[PDB]
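Enquirer: As a plain string of letters, each chain reads:
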Amino acid sequence: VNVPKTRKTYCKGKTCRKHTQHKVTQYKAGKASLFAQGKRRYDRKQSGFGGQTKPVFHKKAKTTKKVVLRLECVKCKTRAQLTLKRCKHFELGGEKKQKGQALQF
Amino acid sequence: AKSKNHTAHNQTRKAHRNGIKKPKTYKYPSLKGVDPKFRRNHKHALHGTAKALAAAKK
Amino acid sequence: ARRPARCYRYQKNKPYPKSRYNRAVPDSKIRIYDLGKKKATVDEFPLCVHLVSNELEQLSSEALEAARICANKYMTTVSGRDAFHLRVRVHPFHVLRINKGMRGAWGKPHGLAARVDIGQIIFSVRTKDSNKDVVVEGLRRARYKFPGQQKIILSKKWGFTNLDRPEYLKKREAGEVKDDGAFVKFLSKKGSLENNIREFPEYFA
Amino acid sequence: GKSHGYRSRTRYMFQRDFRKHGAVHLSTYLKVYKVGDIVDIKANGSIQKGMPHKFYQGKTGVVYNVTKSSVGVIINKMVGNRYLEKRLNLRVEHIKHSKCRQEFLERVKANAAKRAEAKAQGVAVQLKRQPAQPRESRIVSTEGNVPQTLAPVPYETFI
RNA sequence: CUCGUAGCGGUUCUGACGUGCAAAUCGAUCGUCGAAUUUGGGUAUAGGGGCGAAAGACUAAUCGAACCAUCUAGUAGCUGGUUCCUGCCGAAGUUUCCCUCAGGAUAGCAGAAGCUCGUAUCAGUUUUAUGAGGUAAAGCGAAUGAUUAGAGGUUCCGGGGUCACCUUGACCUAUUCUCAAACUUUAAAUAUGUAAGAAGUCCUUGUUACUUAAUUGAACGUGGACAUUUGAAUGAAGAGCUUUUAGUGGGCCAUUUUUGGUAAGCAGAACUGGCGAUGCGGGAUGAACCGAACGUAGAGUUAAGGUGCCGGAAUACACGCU
RNA sequence: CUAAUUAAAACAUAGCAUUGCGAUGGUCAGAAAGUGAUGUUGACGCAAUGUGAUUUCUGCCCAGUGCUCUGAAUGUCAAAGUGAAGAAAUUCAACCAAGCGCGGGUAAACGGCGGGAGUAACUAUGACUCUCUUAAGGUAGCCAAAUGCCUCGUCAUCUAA
RNA sequence: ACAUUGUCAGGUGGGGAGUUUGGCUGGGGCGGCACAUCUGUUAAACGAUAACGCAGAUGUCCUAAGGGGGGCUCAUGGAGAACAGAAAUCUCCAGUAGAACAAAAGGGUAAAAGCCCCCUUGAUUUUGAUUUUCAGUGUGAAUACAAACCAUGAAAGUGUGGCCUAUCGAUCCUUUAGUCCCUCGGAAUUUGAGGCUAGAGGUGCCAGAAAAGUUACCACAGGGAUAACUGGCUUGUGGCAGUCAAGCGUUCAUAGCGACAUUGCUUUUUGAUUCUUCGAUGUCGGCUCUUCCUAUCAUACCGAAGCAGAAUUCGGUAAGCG
RNA sequence: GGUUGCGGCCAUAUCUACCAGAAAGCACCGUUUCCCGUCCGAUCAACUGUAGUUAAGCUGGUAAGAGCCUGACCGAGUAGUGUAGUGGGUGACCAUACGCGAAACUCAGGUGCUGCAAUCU
Ligand SMILES: [Mg+2]
Ligand SMILES: [Mg+2]
Ligand SMILES: [Mg+2]
Ligand SMILES: [Mg+2]
Ligand SMILES: [Mg+2]
Ligand SMILES: [Mg+2]
Ligand SMILES: [Mg+2]
Ligand SMILES: [Mg+2]
Ligand SMILES: [Mg+2]
Ligand SMILES: [Mg+2]
Ligand SMILES: [Mg+2]
Ligand SMILES: [Mg+2]
Ligand SMILES: [Mg+2]
Ligand SMILES: [Mg+2]
Ligand SMILES: [Mg+2]
Ligand SMILES: [Mg+2]
Ligand SMILES: [Mg+2]
Ligand SMILES: [Mg+2]
Ligand SMILES: [Mg+2]
Ligand SMILES: [Mg+2]
Ligand SMILES: [Mg+2]
Ligand SMILES: [Mg+2]
Ligand SMILES: [Mg+2]
Ligand SMILES: [Mg+2]
Ligand SMILES: [Mg+2]
Ligand SMILES: [Mg+2]
Ligand SMILES: [Mg+2]
Ligand SMILES: [Mg+2]
Ligand SMILES: [Mg+2]
Ligand SMILES: [Mg+2]
Ligand SMILES: [Mg+2]
Ligand SMILES: [Mg+2]
Ligand SMILES: [Mg+2]
Ligand SMILES: [Mg+2]
Ligand SMILES: [Mg+2]
Ligand SMILES: [Mg+2]
Ligand SMILES: [Mg+2]
Ligand SMILES: [Mg+2]
Ligand SMILES: [Mg+2]
Ligand SMILES: [Mg+2]
Ligand SMILES: [Mg+2]
Ligand SMILES: [Mg+2]
Ligand SMILES: [Mg+2]
Ligand SMILES: [Mg+2]
Ligand SMILES: [Mg+2]
Ligand SMILES: [Mg+2]
Ligand SMILES: [Mg+2]
Ligand SMILES: [Mg+2]
Ligand SMILES: [Mg+2]
Ligand SMILES: [Mg+2]
Ligand SMILES: [Mg+2]
Ligand SMILES: [Mg+2]
Ligand SMILES: [Mg+2]
Ligand SMILES: [Mg+2]
Ligand SMILES: [Mg+2]
Ligand SMILES: [Mg+2]
Ligand SMILES: [Mg+2]
Ligand SMILES: [Mg+2]
Ligand SMILES: [Zn+2]
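Chain order of the listed sequences is Ao, Ab, AI and AT. Numbered per the entry's author numbering, the first sequence spans residues 2 to 106. Numbered per the entry's author numbering, the second sequence spans residues 2 to 59. Numbered per the entry's author numbering, the third sequence spans residues 2 to 101, 114 to 218. Numbered per the entry's author numbering, the fourth sequence spans residues 2 to 160.
These aren't lab readings, by the way, just hints derived from the structure by calculation. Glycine is no exception: its CB is placed at the ideal position from the N, C-alpha and C atoms. Keep in mind that the hints are not guaranteed to be accurate.
Stated by the list, open to error - Sample of chain AI residues facing chain AT (criterion: CB under 10 Å; computed from the structure):
| hint | residue |
| --- | --- |
| 1 | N14 |
| 2 | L48 |
| 3 | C49 |
| 4 | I131 |
| 5 | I134 |
| 6 | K164 |
| 7 | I166 |
| 8 | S168 |
| 9 | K169 |
| 10 | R178 |
| 11 | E180 |
Model the full assembly from the supplied sequences, consistent with the hints where possible.
Expert: So this is what it looks like as structure tokens:
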């Protein structure tokens, strides 16, 4: 899946409130950040005996994750989050479809 | 065990023991589902009708 | 080795022919449907004698071939192979299944059958009027190869046509009758007059 | 497994009515729908947007909402032991007027008209419709028409 | 080491007995009989422990985990049972979700309590008008796809036979026989949607920020016109509404149309009627068939079925057949 | 030895072999102990196993997994300790023991022990040979055996069968 | 001043402990997914409708294969061009779609929905309404609006992803975007944490537990809701019959036979129901002993022969007796 | 009545062959500086109705035309189907009773109608 890395979408930036240009990056999660409350509760609950308390999930079934485009307005730096479908490949760069050219390999 | 999966035998006897009702229409339906532009004007087209009715009677 | 003809005798399931979902149909064993002097003209054989089913059933492809052999063998040994035109007017298109404890029961194709209505013609023999009792006994022996009950109806048509013997005659001194390979073409009051002249020119005299 | 999609079992129903494929003729787009008009739902397969679900093909209902290209139609749907009000957003090329309601509304104009000369004279003009009443007396003549038929025919096979 | 007593074991009769003499005996026949023998007393090892020349054997008739008491009335979607009478009403074995499929929840079916009112609004029905359907049938010299047989049309489309020929293949044109659950121009019956008016129709013209080039349209109105033949038929047993709650959520049969299966008192569907939950008359007998559904009695008449005798009722009448 | 349905081919056995241990020890107890068994002991001992008298032999395999090794030392390496930034809670980085990974030894440790094709002056048989994968490709022996489905294999013997 | 000891941290640790090992199922096991889906059929012309029914497809692909505009006609056939033929390009005629539209199938489409070109990001923001599955919950998909903001085109218009019908996911936790908004409860500042609105990360057993085996030592609650033995139904198969007669039988269908067909019989063979039996109907063979059937091996009496005799073979009555 | 522009229903209008068209409109037709587009003024754009023509388009007629459309007591009250019986039949199926009722075929007839505007010996 090919997505352009520059987009003209609506901005909820309270100054644009219109279609502006957006620079587009793919969204990655970010680190778990200990001292989150559910992580501190995880630390106090695993201590002692009896072992694992919360479930440890195993039967994963998806070959894919939905890709989230993490946009940013070029004018007011107000960011957006768009979501696409499941895809085994996600290409953010260029390499557009040249039509009348000979195949190879 | 092996079980009878599905049948609609006896389902219309129960459907008629309490007598199927048509949905009991009313004068003045709800304006949910109307074109919101039309409903928006209809608030004013009936407000001013009441002003021209209430002032003309008094 | 084969299930008897009483097993699939009655029509209990729908017509199940050979197409893009069956794909594995075992072929029939009646593959000849016209017999005798099939290239005789219409006028040589004026007398159509029929085998007609009085019961709604299935004739099998084995049975239609076996009755064809028996009826052909009698008529040639009495009057010869150019004294009749035996036409089997029945084609076995219906495919029968077979299952081979009750699980995965859906079947694999077994044999070919031919659904015949009450009043449907099985066989038709056209011949001369002198050879009539030969043809009946040739068809009377062919009854034994068939389940159900079959009738020997002397038709009133002229041969293998759809018009009666005197109706075919008044069309014959008149010019609406002319030969083809196996059958006879007829004249109409319709179409272009030039094509009514190209073919059929003995008319308009 | 089993398939229960939106256009399931709609093979012949959404088909396009032999030798009448192609574009929608323009009288469909010139028809005028008002709220309260009673319309017959028949989906045109060549228009895939605004297309009713297969339950509503042939159903008849009342226009309640009017948008740019679509009417809002109310259909009564039997669900279990009662009917529920179904509100459908269908474009006007799946929709025609019910010709019965044109036949009704002229009879309303007729019964208004027939009661007018009931007010000139002769009250109770008997304007209600009646069923096919039994026939009256006849006297059937025989002049040129003497009664003749023969008997039942015998059995012939006529093949 | 050997034969063989006492002893100590326990092979076979698969003996007796098998409510015994006996919760392991009795009898015969057997193994072994001077040692890794047999045995008394003392002593040690204790239950998830001991002990085991090892069989999960033995550890007080208890052993793949002793016995006693407590926690403990442990838990049970499983089986049994659940105690007086009469009256009235009266089911379900189906929906959706659930580590759900012997169970729940949820909707449906049922009862009760009523409440607001008083024949409105309706209806497992018809008629009239108006749609929708692609099934049965029909069709294949109509398309797609099968399939039968001859006709007419001459080509390095490799027909060998000249180096224009009896012994050409297909192809095209007109015919012909036979067909289709996943083919079709057509197209039923049955079933199905809507309408058949006062919340209506008509006239006048009031409002609006919607809409129009334009009070034009749209929607809702004021005022006025029409009264029960007020806009088909038949019925209506009161209509409408609310709350709460039980059981059920194993089904089965028959007619018709069905899928699978050679077939089934088979496995699965659809519509209806039944049984379950139901007696009564008939089918000798039978959950389901036929007739008909039930307070206690009397009289009459019937149903389905019968009327030689059992057995109430004509060894009736009639025409034949065997 | 299965008391009370199995007395046996099962268990034991001598013989054989393997393994661990020189006492601050091996093997095992115990909640701990200034606590125990072996042990009133000391490798001709004690402990842990396997096979099971004698005759005659115990082939090939260390790739797997276990066991073992004064073996390799920036692959991984927890806690403590060290350092940087921050106001600090904290974040990061370096260092990083055992153990794992790496290398090796061990089969009387657990265990394993092959196909297709053509070839001898017979027709196929196949000493030898060509590949596929091995760590090794079942040696010595023995056998329709208490181990072989086919199988009541084939032959001989026993019998009239 | 090292072992030892106390505490903590990494390893080792079935020696010991506890727990887990889904469901549907013509019994369970096995295989498969009918477990969440789509198209056509099943499915019987509204809708709905089962089977481990049938034929296929789903967990993708796409910045264009999305949006708009303009121009053009596609499969294929015929005739024509040097190499060049059966297939290279070129030109005309015929071409209702016989092509193509990402992917199955069905439907739809001819100045287009297809082919070529130009411009673009509407595959956008915000809140409701609606349709299907349906409890009228959720999820997914979709339809019509409305407020914006854009694309596009001359414009009317069209666009809230793919021409339509499938292509997907709760609480808790983590993360990101938004406001720079609420709180940290003695009062503040700064980090830090918590909060609100919208997405992501995932439960495919797809409304979503965190889980390897075996039991012949097994045990308990039940279950004929369930496998075997029997009885009963059904009868593929097994056997036994019959009709027809192409042929065999030196000639000659039928003395005796008999193909291709066809119609039945048996429940003693073998297959299908899980109907009855799980608070147990004692499971094979044999021995012993009785009776019954006749589809007759012998014996009695017969008929036929391709019956000279002798011996056979076909058939009848017949189960009295072996 | 013809014709043109815009249409409605979308073959009674389509397709095949041959023949006619007065006026008018429409068309073919002439040219390429401009606007514009192409490999190429054939398409498209632009220009003058100027050089000419009904040859084509187009309209209409002809055709025992093909097709399409309408009707039929044409098939045919047929096939099918709803409902009923302790009807028939071993069954397959069938007959009757009260209803509903085709299609193919076959004959007959037809071959655009019409709206708004504008013009035409
Ligand atoms: Mg059930
Ligand atoms: Mg479907
Ligand atoms: Mg001794
Ligand atoms: Mg001794
Ligand atoms: Mg002794
Ligand atoms: Mg013993
Ligand atoms: Mg005994
Ligand atoms: Mg006693
Ligand atoms: Mg001795
Ligand atoms: Mg003693
Ligand atoms: Mg223990
Ligand atoms: Mg054991
Ligand atoms: Mg105890
Ligand atoms: Mg208890
Ligand atoms: Mg009652
Ligand atoms: Mg679900
Ligand atoms: Mg349940
Ligand atoms: Mg129970
Ligand atoms: Mg109730
Ligand atoms: Mg159809
Ligand atoms: Mg049919
Ligand atoms: Mg069907
Ligand atoms: Mg129907
Ligand atoms: Mg339930
Ligand atoms: Mg139950
Ligand atoms: Mg079937
Ligand atoms: Mg009862
Ligand atoms: Mg009766
Ligand atoms: Mg009774
Ligand atoms: Mg009886
Ligand atoms: Mg009787
Ligand atoms: Mg009394
Ligand atoms: Mg009497
Ligand atoms: Mg014993
Ligand atoms: Mg000691
Ligand atoms: Mg060895
Ligand atoms: Mg550390
Ligand atoms: Mg060897
Ligand atoms: Mg269908
Ligand atoms: Mg349907
Ligand atoms: Mg396919
Ligand atoms: Mg998928
Ligand atoms: Mg264009
Ligand atoms: Mg596609
Ligand atoms: Mg397709
Ligand atoms: Mg979904
Ligand atoms: Mg939770
Ligand atoms: Mg505080
Ligand atoms: Mg925060
Ligand atoms: Mg689920
Ligand atoms: Mg019991
Ligand atoms: Mg006999
Ligand atoms: Mg005898
Ligand atoms: Mg005899
Ligand atoms: Mg007897
Ligand atoms: Mg006897
Ligand atoms: Mg020019
Ligand atoms: Mg009845
Ligand atoms: Zn911005």
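Enquirer: Against this structure, judge whether each hint is valid.
Expert: Here is what the structure says about each hint:
no.: 1; hint: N14; verdict: violated (22 Å)
no.: 2; hint: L48; verdict: violated (12 Å)
no.: 3; hint: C49; verdict: holds (8 Å)
no.: 4; hint: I131; verdict: violated (13 Å)
no.: 5; hint: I134; verdict: holds (8 Å)
no.: 6; hint: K164; verdict: holds (9 Å)
no.: 7; hint: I166; verdict: holds (5 Å)
no.: 8; hint: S168; verdict: holds (4 Å)
no.: 9; hint: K169; verdict: holds (6 Å)
no.: 10; hint: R178; verdict: violated (12 Å)
no.: 11; hint: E180; verdict: violated (12 Å)
Consistency note: the structure conflicts with the earlier hints numbered 1, 2, 4, 10, 11.
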